[PDB]
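**Q** Let's have the full structure, built from the sequences with the hints guiding it.
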Amino acid sequence: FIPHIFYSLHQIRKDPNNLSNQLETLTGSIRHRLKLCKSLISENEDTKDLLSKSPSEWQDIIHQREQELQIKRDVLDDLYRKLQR
Amino acid sequence: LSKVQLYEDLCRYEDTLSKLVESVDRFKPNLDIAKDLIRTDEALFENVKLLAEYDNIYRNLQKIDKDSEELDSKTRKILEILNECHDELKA
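Protein sequence lines, in the order shown, are assigned to chains V and T. In this text, residue positions in the first sequence follow the deposited numbering: the first is 65, and each later residue adds one. In this text, residue positions in the second sequence follow the deposited numbering: the first is 37, and each later residue adds one.
If you're looking for bench data, these hints aren't it; they were derived computationally from the structure. In this text, a Cβ means the ideal position worked out from N, Cα and C, and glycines have one as well. Just to be clear, a hint being listed does not mean it is correct.
Derived pair list, reagent style DSS-like, types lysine-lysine, alpha-carbon separation capped at 25 Å [what the hints assert, rightly or not]: (1) V:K117 <-> T:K55; (2) V:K78 <-> T:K39; (3) T:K102 <-> V:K136; (4) T:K102 <-> T:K113; (5) T:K71 <-> V:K102; (6) V:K102 <-> V:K117; (7) V:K78 <-> T:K71; (8) T:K102 <-> V:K99; (9) T:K39 <-> T:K113; (10) V:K99 <-> V:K78; (11) T:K85 <-> V:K102; (12) T:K64 <-> T:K39; (13) T:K55 <-> V:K99; (14) T:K55 <-> V:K78; (15) T:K85 <-> V:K78; (16) V:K99 <-> T:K113; (17) T:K113 <-> V:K136.
Taking CB as the label site, the calculated pair distances span [to be verified]: (18) V:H68 <-> T:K126: 52 to 60 Å; (19) T:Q98 <-> V:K99: 23 to 31 Å; (20) T:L37 <-> V:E107: 12 to 20 Å.
**A** Structure, rendered in structure tokens:
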């Protein structure tokens with residue numbers, strides 16, 4: 065998503081042009097691209113910056129996940145031990 | 037402010053454009069506009085970039101979580117088998 069937001073913003077930066085029927089078709093896309101971009105920003109997974117969550121939190125969730133990993137793997141070895149036994 | 041400011045700029049960007057493009061009124065010389073529509077775009081890009089680290093941590097958290105679920109899956113998968121064996125043996 066963050067990548068699609070970058071590529072999206074990229075295409076919009078490159079869009080502006082001429083006037084007339086064109087001027088409208090060029091400004092119509094710019095209006096849709098602005099919607100699309102705002103939706104992507106909304107859908108960005110809660111990283112830092114409060115889009116999803118701050119940084120302090122992101123670090124906590126990572127430590128919490130690593131700990132649960134160690135555990136779920138201890139469970140996994142036990143489950144396998146027994147199956148094998 | 038990354039996200040918040042990122043959302044304000046987009047607003048004022050569409051504003052400035054709409055004026056420049058004549059949807060809304062603006063005086064004839066109207067370069068201030070064109071200049072703004074470039075400062076804002078640069079600000080957005082800069083702001084978006086500064087946001088990458090945040091979205092990367094998220095990328096990590098997604099990995100971790102995917103793993104965690106996969107593992108719990110394998111454990112479940114084994115418990116099933118035990119029960120299935122138990123069936124073939126009991127019922």
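**Q** Tell me if the straight-line CA distance from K78 (chain V) to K71 (chain T) falls inside 25 Å.
**A** holds, 15 Å
**Q** Does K136 (chain V) lie within 25 Å of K102 (chain T) when you go C-alpha to C-alpha?
**A** holds, 13 Å
**Q** What's the verdict on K71 (chain T) and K102 (chain V), does the C-alpha distance respect the 25 Å limit or exceed it?
**A** holds, 23 Å
**Q** Quick one, are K39 (chain T) and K113 (chain T) close enough, alpha carbons at most 25 Å?
**A** violated, 42 Å
**Q** Would the pair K113 (chain T) and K136 (chain V) pass a check requiring their Cα atoms to be no farther apart than 25 Å?
**A** holds, 14 Å
**Q** Can you confirm whether the C-alpha distance between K102 (chain T) and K113 (chain T) stays at or below 25 Å?
**A** The hint holds at about 16 Å.
**Q** Is the hinted pair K117 (chain V) and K55 (chain T) satisfied, with a Cα-Cα distance of at most 25 Å?
**A** violated, 35 Å
**Q** Could you grab the alpha-carbon distance between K55 (chain T) and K99 (chain V) and see if it respects the 25 Å cut-off?
**A** holds, 18 Å
**Q** With the threshold set at 25 Å, check whether the alpha-carbon distance from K64 (chain T) to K39 (chain T) stays at or below it.
**A** violated, 34 Å
**Q** Looking only at beta-carbon atoms, does the pair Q98 (chain T), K99 (chain V) fall within the given range of 23 to 31 Å?
**A** holds, 26 Å
**Q** Holds or violated: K102 (chain T) with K99 (chain V), Cα cutoff 25 Å?
**A** violated, 30 Å
**Q** Given a hint of 12 to 20 Å, does the C-beta separation of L37 (chain T) and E107 (chain V) actually sit inside it?
**A** holds, 19 Å
Hint check: violations occur at hints 1, 8, 9, 12 and 16; the rest are consistent with the structure.
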